[PDB]
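Just one chain follows, in the form solved without ligand DMA, and it is written as structure tokens.
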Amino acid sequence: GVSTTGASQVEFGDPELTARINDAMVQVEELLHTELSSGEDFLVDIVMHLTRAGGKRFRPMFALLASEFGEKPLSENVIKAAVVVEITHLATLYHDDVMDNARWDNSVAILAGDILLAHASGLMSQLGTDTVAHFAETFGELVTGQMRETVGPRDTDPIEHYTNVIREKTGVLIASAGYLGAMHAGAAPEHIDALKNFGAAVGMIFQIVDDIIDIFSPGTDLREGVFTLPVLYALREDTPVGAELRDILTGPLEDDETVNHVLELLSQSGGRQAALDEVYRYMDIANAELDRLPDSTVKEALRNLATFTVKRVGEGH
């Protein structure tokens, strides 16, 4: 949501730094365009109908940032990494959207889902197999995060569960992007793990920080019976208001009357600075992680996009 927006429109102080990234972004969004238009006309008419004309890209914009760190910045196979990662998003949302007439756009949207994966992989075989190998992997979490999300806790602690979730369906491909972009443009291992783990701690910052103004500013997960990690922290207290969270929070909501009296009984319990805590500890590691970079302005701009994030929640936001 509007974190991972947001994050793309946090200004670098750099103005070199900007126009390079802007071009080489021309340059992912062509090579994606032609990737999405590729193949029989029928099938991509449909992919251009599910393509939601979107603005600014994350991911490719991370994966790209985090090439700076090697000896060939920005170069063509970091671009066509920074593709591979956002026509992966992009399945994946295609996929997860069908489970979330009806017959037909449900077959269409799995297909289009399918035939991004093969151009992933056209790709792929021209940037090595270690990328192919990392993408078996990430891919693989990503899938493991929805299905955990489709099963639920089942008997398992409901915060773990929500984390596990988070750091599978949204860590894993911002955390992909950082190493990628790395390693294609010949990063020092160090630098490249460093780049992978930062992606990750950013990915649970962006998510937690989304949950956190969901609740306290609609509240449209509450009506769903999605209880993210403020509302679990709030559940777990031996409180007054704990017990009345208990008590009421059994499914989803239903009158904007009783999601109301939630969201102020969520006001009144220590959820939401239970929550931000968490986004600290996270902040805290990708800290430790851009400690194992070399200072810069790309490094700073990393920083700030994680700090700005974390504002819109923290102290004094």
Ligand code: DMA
Given for the second form:
2 protein chains.
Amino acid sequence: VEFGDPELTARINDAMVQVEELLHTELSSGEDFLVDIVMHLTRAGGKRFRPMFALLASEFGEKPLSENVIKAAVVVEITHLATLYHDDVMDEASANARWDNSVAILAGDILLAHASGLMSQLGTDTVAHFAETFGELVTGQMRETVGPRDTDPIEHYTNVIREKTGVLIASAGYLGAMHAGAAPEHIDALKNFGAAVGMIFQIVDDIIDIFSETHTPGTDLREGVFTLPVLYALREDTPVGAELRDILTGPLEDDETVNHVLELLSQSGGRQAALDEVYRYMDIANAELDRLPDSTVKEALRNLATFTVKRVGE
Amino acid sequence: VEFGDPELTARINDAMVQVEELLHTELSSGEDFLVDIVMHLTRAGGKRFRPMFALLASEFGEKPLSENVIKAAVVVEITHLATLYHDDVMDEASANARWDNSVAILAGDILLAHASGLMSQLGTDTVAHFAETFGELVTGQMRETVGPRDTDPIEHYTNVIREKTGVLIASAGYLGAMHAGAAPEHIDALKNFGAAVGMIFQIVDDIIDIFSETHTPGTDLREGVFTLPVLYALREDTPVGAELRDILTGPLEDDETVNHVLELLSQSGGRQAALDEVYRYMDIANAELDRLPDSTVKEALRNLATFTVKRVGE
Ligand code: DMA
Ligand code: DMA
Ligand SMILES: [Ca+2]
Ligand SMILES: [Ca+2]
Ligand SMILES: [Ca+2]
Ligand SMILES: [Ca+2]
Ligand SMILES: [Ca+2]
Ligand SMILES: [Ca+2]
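For comparison with the form solved without ligand DMA, provide the form deposited with ligand DMA bound.
Complete assembly follows, chain above in first position.
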């Protein structure tokens, strides 16, 4: 990406190239018929936020951007891609679709095999950390799939994001810093910062989905997914809260009902409630950066979080 | 199981209990809603052939049946269960079935997370070995899914079994022996023996599916899966080979066509061709046991293979 420091920008950009090379090698490893399938399902790329965060984190150690830092970053990104493959097959909830599903399940699995190969060269602490991280991630997908049962819907939603999204970003910071040989306190801070940042990104995304116009809103609503601002509004002891409770159980479908709900939400206190929750995570993020030495990298991380927050408020 | 040595029988049976305990702990670890799902999909158990083979293999090391041997065995069995979960979802090729599929995909994934936790305590060599093994296994499932393309159907079939089945049994022998501290030659022999045995079990199973009566035959045929004896028969320059080629492309369905094919196969040389291939693997198996010290455990392994072979010939 682009930071204040142009010296930083260049170092990082060079490392991102090394990450992309090793990643491509792994995605294209194996028997022809299998590689063909993986390459056809290749997502067409991404922002690579997770490996970049791992690279930034490594700047706090004695060996920034070293070969094992690049390898850890690739492990994190491979894991990310594997989960997308498995998540996509489940978003699907005749025989040319049952084939498509087998294929993506196996693509996700071969990716995990590749990731494990690299982790074997990174050490058992990485494997242990990965096992916990991937377990959490899978727990988040299961949690989302089963729903809130009879728990508080806001706690459920928070848990789903912490697990499905937060932990892997926390892991990028952890592994980036650890394989750079950073101090334990700094490793821990970057891990915690990643977790807080994961919460910020998702809640901000959810706010935008409901309250913004153009770069149509209400995507989550149509699918029947009620995110933080909606959950807060449904809680209110007001006429708007009451009307939202009475509508948001029945048939979700026609555009007119969706647009009425969207207006109700704009009349509710849900946006600001979600935004205050974003601010609380930003306070957490800032407290973690507090544990790190002042530097342009620290400020680049702070800005990553702050810029996201500013998409929805100040 | 039951071997000649009753002293062996007791040692092994005690270790299998320890394997079952740790396995159950892992399958039942995690959040309530996730454990509930895993336990509901628990296969209802199995023969545990793979962990038993790992335990037998460890008898050739300085530390037979030690705690890490038990842990390796559980890793192999967890991996086995994970692949079944993913394989089952693909054998499936409306919304209460799309839910069932997400669930099994995630169950297989949480199992891999559990396996990785244990491997982190077993060392990087185990993780490396696992990465290769699981990669092969996934390659076999993909290979079966895509079909033989334009390769020799017999080579394809052999590759599918070596990868889908053989490698994990080879891995049980490898890991059992290695974590017992066996000598490299012995570790290697037990690994190779496991691979040969995997081929024997599957080909014998396929022969039985076609040529036996009661403990109905032709399961694979109905599903359109042509195993070794069928592939050999389809190769023959005889009237029976010609008639099989002309039938085994068209509509596979009615019982009368199935039963006619079954009779044709009994008139062909396919059974004996498959059986000679079994004998060739048995020769390989015996050559591997040759590398191991004489002992009741060696003979128990030999008998495991020999007893299987005798289900279909002498
Ligand atoms: C593993 C993982 C988080 C996949 C995508 O999750 P998501 O459902 O938040 O993404 P999308 O909404 O695009 O399906
Ligand atoms: C991972 C794995 C080998 C699952 C079962 O394979 P299979 O298709 O041979 O078993 P089944 O024939 O019972 O589906
Ligand atoms: Ca999804
Ligand atoms: Ca969104
Ligand atoms: Ca309004
Ligand atoms: Ca199957
Ligand atoms: Ca069978
Ligand atoms: Ca006959």
